[PDB]
Amino acid sequence: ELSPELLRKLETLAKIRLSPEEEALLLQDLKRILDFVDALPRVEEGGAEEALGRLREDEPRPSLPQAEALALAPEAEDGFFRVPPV
Amino acid sequence: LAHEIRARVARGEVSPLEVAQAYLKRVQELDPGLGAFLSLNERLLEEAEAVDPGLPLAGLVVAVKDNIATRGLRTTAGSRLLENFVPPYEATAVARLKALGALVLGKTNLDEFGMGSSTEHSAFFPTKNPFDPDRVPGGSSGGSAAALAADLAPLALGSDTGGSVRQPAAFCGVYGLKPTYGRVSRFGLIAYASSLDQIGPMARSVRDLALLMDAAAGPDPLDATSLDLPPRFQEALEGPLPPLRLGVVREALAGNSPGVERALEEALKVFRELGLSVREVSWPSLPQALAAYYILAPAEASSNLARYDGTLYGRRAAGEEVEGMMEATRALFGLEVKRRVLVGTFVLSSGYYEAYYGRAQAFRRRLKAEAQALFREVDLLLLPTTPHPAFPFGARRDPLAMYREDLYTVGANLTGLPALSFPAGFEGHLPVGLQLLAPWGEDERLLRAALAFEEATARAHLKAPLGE
RNA sequence: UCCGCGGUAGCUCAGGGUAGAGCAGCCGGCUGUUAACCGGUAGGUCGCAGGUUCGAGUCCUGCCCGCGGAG
Ligand SMILES: [Zn+2]
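As given, the protein sequences belong to chains G and E, one line each in that order.
Position one of the first sequence corresponds to residue 3 (the authors' numbering), numbered consecutively onward.
Position one of the second sequence corresponds to residue 2 (the authors' numbering), numbered consecutively onward.
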């Protein structure tokens, strides 16, 4: 139950550009996989557990030096991360 | 052998610098063929090895999986997207080992982003099994395992999401522990399924696992999902039940290879002569867990790997457009990654969320339940880590056929239950592993129960080609 | 809005080479039918408008309508 259109839609949502060769390939894989998974039985689910999470105190923690941060950037300009324009 | 080294070091018989030079040489001579390490801790090793006090882990050096952040060292996650990425921070686990005298030897080879079961999906190169150069070391922590079995390192860190630590450990005949979800920090782990990921220790002896865990585990203020539970591992100074109840899982008994069935029967005889009440139990929906996993994990993976566009740190694919760059950069993913994140997007996509994700969530809650009920009647659970030993390259490259490798190990993660793979014998020349798991928080149980076995047996640990 | 099934006699649904069957309708038969049935016969915007094909209910592009399903 997987049309070439859905693949296109999916690859769109995931922002992944695959070659027409891979499309035909992945089209077969995804089919088999989605069939395997669909075999999963449905089951009832109980109360959504107790909430035992914690919160962080509003206390400042030293930041990265601008130099170290921009060193990861493929492109930087005057202390900014530089990307192609919108 | 790890604790043996630290012993020689503390008595002045050897210096940390000596141990490093020894291991560094061995790597430079054996790794070329093995392909276990991607990166190596450069001059910063020799330099760092000659400024250490006789600390708990002084003389020790660790091989870390390359999806675990190490400040100043190339952390690629086995991907092209990050083949030049070097973290400005350090993973909490790694940070702690460092503060106890430990040092990083290098970074270990893995399947791209941890999604793989054979290392055949590393963007760089495959890793070879020291026991058979014609067979895989498992995955995705294939590198770490391979490194241990060849004594390229005393200690090793891996990553487990569906058995990515146990399956390799089995294939390479070493110990691999998946920590109860929350024991070890996830901060610094380039993880792919947040709800299932855990850094796991691996070593050639159980006493060594204790060393790692005792150092690595513990509450981290940076990880909101970490448990406030003091390690206390090295208290494997046994006052061990005698008489624990052990439950064997029926569902995992059929479909195993001769060597696995054989190794299984023998193990039972051993646990019985140890004072354990061995009984067969039922893990009703265990066999259907593999499916739930390959819909829950891919889901979280799509959202976790979404950040990898060329904007701030990855590789830039050089599109020259706006979206066209993001679209081209992500095209640098491997076939397996693409496959999973496409699945993940579908399962969460509109019209399919409740029909799939919501479905698998409810099922994940069943397993936890069925497990709670099982540990009301038994204290430990036993099953194979895998139905067979390491397979040969090329053998099992079918989407589904690869997924079934993690058949027996998937359950540990969906539940959060601690699980340990231990060398339980052989079938020919290839090692065989058995999986022993306990209730939440009782990780130390697993360890001592395996110390009993490691001892009751002289050793089922063969060192393919190892030496100091 | 999207998605998935539907739209064929009047009614309810069968199916790349006269478009069909039973219900009722018409004609003929039958004195106990309960949804009588036997024979013969009549009955069409195959959704609508555009393509491929020698030939399209059947395939493929768009639209209208109905039902159902999604956090
Ligand atoms: Zn911040």
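Possibly wrong hints are sitting among the right ones.
If you want a taste of the chain G side facing chain E, the calculated C-beta under 8 Å gives, among others [said to hold, decoys possible]: (1) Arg10; (2) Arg19; (3) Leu29; (4) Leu32; (5) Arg34; (6) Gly48; (7) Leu54; (8) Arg56; (9) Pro62; (10) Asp80; (11) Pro86.
Counterexamples of contact, computed for chain E against chain G with all Cβ distances above 10 Å [stated by the list, open to error]: (12) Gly13; (13) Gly34; (14) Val279; (15) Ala293; (16) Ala307; (17) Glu321; (18) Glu328; (19) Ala332; (20) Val342; (21) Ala465.
These are computed hints drawn from the structure, not numbers from a lab.
Just so it is clear, CB atoms sit at the ideal spot from N, CA and C, and this is done for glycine as well.
These are the hints, each one checked on the structure:
1. The restraint placing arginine 10 (chain G) at the interface with chain E is violated, with a minimum CB-CB distance near 11 Å, outside the 8 Å limit.
2. At about 5 Å, the closest approach between the beta carbon of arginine 19 (chain G) and any beta carbon in chain E falls short of 8 Å, and the interface hint on this residue holds.
3. Here the hint on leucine 29 (chain G) is broken, as its CB sits about 10 Å from the closest CB of chain E, past 8 Å.
4. At a threshold of 8 Å, the smallest CB-CB gap from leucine 32 (chain G) to chain E is about 6 Å, leaving the interface hint in force.
5. The criterion of a C-beta within 8 Å of any C-beta in chain E is met by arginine 34 (chain G), whose closest approach is roughly 6 Å, and the hint holds.
6. Among the interface hints, the one on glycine 48 (chain G) holds; its C-beta lies about 7 Å from the nearest C-beta in chain E, closer than the 8 Å criterion.
7. For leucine 54 (chain G), the shortest C-beta to C-beta distance to chain E is roughly 10 Å, which exceeds 8 Å, and the interface hint is violated.
8. The beta carbon of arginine 56 (chain G) comes within 7 Å of a beta carbon in chain E, closer than 8 Å, and the hint placing it at the interface holds.
9. Among the interface hints, the one on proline 62 (chain G) is violated; its C-beta lies about 14 Å from the nearest C-beta in chain E, farther than the 8 Å criterion.
10. Interface hint at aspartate 80 (chain G): violated, since its Cβ lies 16 Å from the closest Cβ of chain E, which is beyond the 8 Å cut-off.
11. Interface hint at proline 86 (chain G): satisfied, since its Cβ lies 5 Å from the closest Cβ of chain E, which is below the 8 Å cut-off.
12. Under the 10 Å C-beta cut-off, the non-interface status given to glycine 13 (chain E) relative to chain G holds; the minimum distance is some 39 Å.
13. With a closest Cβ-Cβ approach of about 32 Å to chain G, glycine 34 (chain E) is found to remain outside the 10 Å limit, as its non-interface label requires.
14. No beta-carbon of chain G comes within 10 Å of the beta-carbon of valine 279 (chain E); the shortest separation is about 30 Å.
15. The beta carbon of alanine 293 (chain E) is not kept farther than 10 Å from every beta carbon of chain G, the shortest such distance being approximately 6 Å.
16. With 10 Å as the threshold on Cβ separation, the claim that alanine 307 (chain E) sits away from chain G is violated: the shortest Cβ distance comes to roughly 8 Å.
17. Not every C-beta of chain G lies more than 10 Å from that of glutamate 321 (chain E), the closest at about 7 Å, which undercuts listing it as non-interface.
18. Its beta-carbon lying about 5 Å from the closest one in chain G, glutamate 328 (chain E) breaks the requirement of being farther than 10 Å from that chain.
19. For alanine 332 (chain E), the requirement that its beta carbon stay farther than 10 Å from each beta carbon of chain G is not met, with the minimum near 5 Å.
20. With a least CB separation of 5 Å from chain G, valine 342 (chain E) falls inside the 10 Å interface cut-off, contrary to its annotation.
21. With a cut of 10 Å on Cβ distances, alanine 465 (chain E) stays outside the contact zone with chain G, its closest approach being about 35 Å.
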